[PDB]
Amino acid sequence: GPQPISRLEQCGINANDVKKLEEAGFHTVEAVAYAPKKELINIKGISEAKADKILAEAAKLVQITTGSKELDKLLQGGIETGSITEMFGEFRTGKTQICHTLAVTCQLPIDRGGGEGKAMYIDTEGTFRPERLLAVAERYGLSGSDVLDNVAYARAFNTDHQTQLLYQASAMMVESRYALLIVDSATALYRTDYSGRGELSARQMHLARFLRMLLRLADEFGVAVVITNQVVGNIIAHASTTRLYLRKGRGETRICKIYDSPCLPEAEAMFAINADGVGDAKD
Amino acid sequence: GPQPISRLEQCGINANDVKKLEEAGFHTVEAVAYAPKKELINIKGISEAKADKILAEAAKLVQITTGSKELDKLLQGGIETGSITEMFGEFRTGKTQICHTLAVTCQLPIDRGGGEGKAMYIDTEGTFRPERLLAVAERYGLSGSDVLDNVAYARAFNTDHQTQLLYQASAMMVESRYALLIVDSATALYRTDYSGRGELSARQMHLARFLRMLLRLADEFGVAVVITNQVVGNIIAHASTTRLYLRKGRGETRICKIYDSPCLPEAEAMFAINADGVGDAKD
Amino acid sequence: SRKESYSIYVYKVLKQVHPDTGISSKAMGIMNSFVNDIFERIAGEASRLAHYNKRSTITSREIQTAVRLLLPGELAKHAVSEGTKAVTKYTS
Amino acid sequence: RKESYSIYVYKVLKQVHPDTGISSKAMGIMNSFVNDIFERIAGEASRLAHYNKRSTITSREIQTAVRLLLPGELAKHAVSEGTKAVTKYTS
Amino acid sequence: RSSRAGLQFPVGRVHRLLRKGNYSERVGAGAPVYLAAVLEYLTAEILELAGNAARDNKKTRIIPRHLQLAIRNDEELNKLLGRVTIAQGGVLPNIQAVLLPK
Amino acid sequence: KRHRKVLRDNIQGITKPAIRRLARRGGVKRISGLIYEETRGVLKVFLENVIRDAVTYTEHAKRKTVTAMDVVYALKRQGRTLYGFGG
Numbered sequence: 021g022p023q024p025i026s027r028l029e030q031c032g033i034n035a036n037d038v039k040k041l042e043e044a045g046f047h048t049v050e051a052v053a054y055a056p057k058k059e060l061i062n063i064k065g066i067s068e069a070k071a072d073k074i075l076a077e078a079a080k081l082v101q102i103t104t105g106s107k108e109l110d111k112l113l114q115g116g117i118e119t120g121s122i123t124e125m126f127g128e129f130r131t132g133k134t135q136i137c138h139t140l141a142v143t144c145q146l147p148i149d150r151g152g153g154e155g156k157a158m159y160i161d162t163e164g165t166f167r168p169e170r171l172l173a174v175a176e177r178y179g180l181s182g183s184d185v186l187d188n189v190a191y192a193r194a195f196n197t198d199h200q201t202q203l204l205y206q207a208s209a210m211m212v213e214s215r216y217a218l219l220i221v222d223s224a225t226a227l228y229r230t231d232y233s234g235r236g237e238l239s240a241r242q243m244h245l246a247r248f249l250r251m252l253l254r255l256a257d258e259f260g261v262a263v264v265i266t267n268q269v270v289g290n291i292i293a294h295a296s297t298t299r300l301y302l303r304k305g306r307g308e309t310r311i312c313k314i315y316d317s318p319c320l321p322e323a324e325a326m327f328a329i330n331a332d333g334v335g336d337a338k339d
Numbered sequence: 021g022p023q024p025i026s027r028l029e030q031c032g033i034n035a036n037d038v039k040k041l042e043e044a045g046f047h048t049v050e051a052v053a054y055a056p057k058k059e060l061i062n063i064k065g066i067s068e069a070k071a072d073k074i075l076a077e078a079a080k081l082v101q102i103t104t105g106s107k108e109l110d111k112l113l114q115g116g117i118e119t120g121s122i123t124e125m126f127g128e129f130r131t132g133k134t135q136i137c138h139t140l141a142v143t144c145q146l147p148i149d150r151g152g153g154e155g156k157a158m159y160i161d162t163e164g165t166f167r168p169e170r171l172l173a174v175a176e177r178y179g180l181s182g183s184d185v186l187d188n189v190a191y192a193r194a195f196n197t198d199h200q201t202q203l204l205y206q207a208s209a210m211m212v213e214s215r216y217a218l219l220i221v222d223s224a225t226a227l228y229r230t231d232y233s234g235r236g237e238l239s240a241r242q243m244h245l246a247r248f249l250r251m252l253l254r255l256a257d258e259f260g261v262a263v264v265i266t267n268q269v270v289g290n291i292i293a294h295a296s297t298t299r300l301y302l303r304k305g306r307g308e309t310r311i312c313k314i315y316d317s318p319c320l321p322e323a324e325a326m327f328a329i330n331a332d333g334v335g336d337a338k339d
Numbered sequence: 032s033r034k035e036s037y038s039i040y041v042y043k044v045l046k047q048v049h050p051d052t053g054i055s056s057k058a059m060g061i062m063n064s065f066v067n068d069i070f071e072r073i074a075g076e077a078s079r080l081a082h083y084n085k086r087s088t089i090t091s092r093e094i095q096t097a098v099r100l101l102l103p104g105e106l107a108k109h110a111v112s113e114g115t116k117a118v119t120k121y122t123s
Numbered sequence: 033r034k035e036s037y038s039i040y041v042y043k044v045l046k047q048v049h050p051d052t053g054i055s056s057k058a059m060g061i062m063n064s065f066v067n068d069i070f071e072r073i074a075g076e077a078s079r080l081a082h083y084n085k086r087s088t089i090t091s092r093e094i095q096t097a098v099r100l101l102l103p104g105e106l107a108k109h110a111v112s113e114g115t116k117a118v119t120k121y122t123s
Numbered sequence: 017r018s019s020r021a022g023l024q025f026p027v028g029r030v031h032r033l034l035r036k037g038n039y040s041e042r043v044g045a046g047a048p049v050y051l052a053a054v055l056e057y058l059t060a061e062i063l064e065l066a067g068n069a070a071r072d073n074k075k076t077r078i079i080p081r082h083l084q085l086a087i088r089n090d091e092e093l094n095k096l097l098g099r100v101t102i103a104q105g106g107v108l109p110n111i112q113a114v115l116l117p118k
Numbered sequence: 016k017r018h019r020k021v022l023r024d025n026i027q028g029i030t031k032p033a034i035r036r037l038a039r040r041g042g043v044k045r046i047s048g049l050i051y052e053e054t055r056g057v058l059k060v061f062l063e064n065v066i067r068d069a070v071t072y073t074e075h076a077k078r079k080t081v082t083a084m085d086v087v088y089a090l091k092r093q094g095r096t097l098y099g100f101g102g
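So the sequences go chain by chain: K, L, D, H, C and F.
Those letters in the first sequence? Residues 21 to 82, 101 to 270, 289 to 339, per the entry's author numbering, in order.
Those letters in the second sequence? Residues 21 to 82, 101 to 270, 289 to 339, per the entry's author numbering, in order.
Just add 31 to wherever you are in the third sequence, counting from 1, and you've got the entry's author numbering.
Just add 32 to wherever you are in the fourth sequence, counting from 1, and you've got the entry's author numbering.
Just add 16 to wherever you are in the fifth sequence, counting from 1, and you've got the entry's author numbering.
Just add 15 to wherever you are in the sixth sequence, counting from 1, and you've got the entry's author numbering.
Isolated chain K (complex conformation):
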């Protein structure tokens, strides 16, 4: 966690210099410490000697239910909060529907398979429907209005906007308790933006940074991170903890397969897409 910069004054930095460091926007001893001298020196009323004293003394101090029961059993009860679970599958498999369902189930009591936290829906595809959220909320008997109140929503127009929303997510997730972060068509902007072959490393780098920010937020807030992937990157293998393959069974009933878990078996479960919900298959 953080090591608030207050602790730096006990090292014998005078408090005025700490206030100037806070003015710069450095608020922890960790924050000042792993930065060079010039950042603290550039602050008004701070010399190089005080900065050397600061750096030297600073180094001294520094399960959400899927709502398909059969799928929950496949997952041993639902998504583990604090980790990334990847569901890769074809279009029309219900990925957007699953996102809408989870956006509400996260708000469920933990004893009901929720995280008792607010939800975060980052859309890149325009498919965000508050009315679908209302349907899922009424399914689980949650207030649809409260679902929208526990879902902060923003549509990312590009990869840069996609990463920029993470900055708002990190500061906003501190102020309110969240349990779910949704990124729908998470890989589409990496395909439309990064379309070249020479750009493979570029999309991989942007994705890597995006994933690292995701991991930091997951470890920071203990929330579930849900991203959706269409498989028509090898970087995701190390990053996803649980890989789910989704394929259509005709009508509204979908087949789920586990394609990676270091602990969980490779296995499959059948579920359906119902007006209210993403919910177990009911032949």
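Rather than coming from a laboratory, the hints here were simulated on the basis of the structure.
Among the hints, a few may not be true.
As the list claims (entries may be wrong) - Calculated cross-link-like contacts (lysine-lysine; reagent style DSBU-like; alpha-carbon spacing at most 30 Å):
no.	chain 1	residue 1	chain 2	residue 2
1	D	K85	F	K91
2	K	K39	D	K43
3	D	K43	K	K80
4	K	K73	C	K75
5	C	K95	F	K44
6	C	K95	D	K108
7	H	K116	F	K77
8	D	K85	C	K36
9	K	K40	D	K57
10	D	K57	F	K79
11	K	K40	D	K46
12	K	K73	D	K43
13	C	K118	F	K44
14	H	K85	L	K64
15	H	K85	F	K77
16	K	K40	L	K73
17	F	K59	C	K95
Given chain K's structure and the hints, the job is docking chains L, D, H, C and F onto it.
Then chains L, D, H, C and F, alone, in the frame of chain K:
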């Protein structure tokens, strides 16, 4: 609506750089803003520093009735402006007729199911008929002459001309309020031009770029984007928000089916093709 | 007034090898001098290598050969092992 | 192809000793010499430009590099020749 | 890229320094990774030995003296830094045998 | 516009006991009387050479202040690389 690029110069971009951006075909601060740096940098006489200043300061500044009531109900009232709606169907289903109808209904008051905006008809097939527009205008009681005055028309002879018309569309749509962009036989030039098997990626790339320009213009002007597709590409799936399957019922009455909507059910509605209009089926 | 250095990375490494050990400012200055010095030696030798062989690109190969030229014995072998591992992990 | 300073060395030789020749080995040593001093001066000039955050190597960097690398009288005469040559060249 | 390479030293920064140090017209993707890895390793070896010396001296903080002891008491580091002066390092204790009393 | 007393004969500030201490760190047990003057000459030459180059760098940079980096560069180019005074 648009945020003309003029406003970017008040952020302290010099006016010559704004003129170079206009030369590229970017005419609003919204247009420059949600594009990456390289677009503006590629313009002659623009460095990366000026582009960074443009993007940074630019981020600081930045339902049309189908005229078939039954179809509007199927669509929940008509096309959402600002998004692409794809209607794929056989020849003689009335696609051209539907285009002609919408070219007028867009001009209808919003309370009448219009967008209260001008229309854009990009033809690739020669089927543009101002007289049909006059018939639709008299159907809805709109001035046929005003319909032609609110429709800027150009026939694309090839895919390159098809994309080039988008450049005129972006600058022209800034000067006048539009509500509808029509691309009739949108996929034909990708079949006649790109006919090879090795060229599948090439037609997909040209289409992808075309779609991205469409999305930018849709988000920029909040207009409805209508393209017609004959299904005798998988790229369109992510791009189309609502997929409509059109098939002939004999006489002038056509069957419509919804084949994709993330929020709307798969469902069908019957409508007819009437001399005045594209209009509900009246057995 | 923004001045970059290798201090935080040196410190991270220090915490890796000696978890309960610190370092004085003077000593850190010597470490920074060290990293910059070796940077210059290796990069310069690699530049010369690429030039000698009429190549316009410095690749990991030039870096590796430079490392073998500049470093003594086992130090060279160990360094080569670290660099190779890092490049192969990066590539994946 | 394969470059050397041989013809220029020979022209200079003809300037200072009109009736004197030079062996192949000796010419090889002269070529080694010219390349060596080139590298020393160019390298120092490169560092001079870098230290001062300049992207251009100018005659001033060459001159300073010469002052750093050459001893005493050699340095003074070399500086004189470089300056003279640049002055004759400029007009 | 540092995380991708499993490193602590900054690959991006090293890449930038390679680009702007005028070493070559082009730089491969693996070059700054390799270089960063080598710099990190050597840093680790010196810090390991210096830490050892610091503890031998019952000190918890590494000072220049410890760096000098570490370097000069290690044949290969001593070789690598043969023409290098460690400020405030002093020298290794060493008295020629002939100078000692009989 | 208040300059220091003009500096003269400062090499004599390198005292006999200082030179003795340096020699002791160098492992020297006994010292001839003529060593001290000899040492001074040697030291002066060394210093001259370093400072000359340092000042050259200073002059190239169009500065009036000799920096630590000027000295470091002089030493490096004289094959006496010094650690600890960068940045």
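Going through the hints against the structure:
no.	hint	verdict
1	D/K85 to F/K91	holds (29 Å)
2	K/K39 to D/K43	holds (27 Å)
3	D/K43 to K/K80	holds (12 Å)
4	K/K73 to C/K75	holds (20 Å)
5	C/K95 to F/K44	holds (28 Å)
6	C/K95 to D/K108	holds (15 Å)
7	H/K116 to F/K77	holds (23 Å)
8	D/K85 to C/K36	holds (20 Å)
9	K/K40 to D/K57	holds (25 Å)
10	D/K57 to F/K79	holds (27 Å)
11	K/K40 to D/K46	holds (28 Å)
12	K/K73 to D/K43	holds (19 Å)
13	C/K118 to F/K44	holds (15 Å)
14	H/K85 to L/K64	holds (28 Å)
15	H/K85 to F/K77	holds (13 Å)
16	K/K40 to L/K73	holds (28 Å)
17	F/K59 to C/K95	holds (29 Å)
Checked against the numbered hints listed earlier, the structure breaks none of them; every hint is satisfied.
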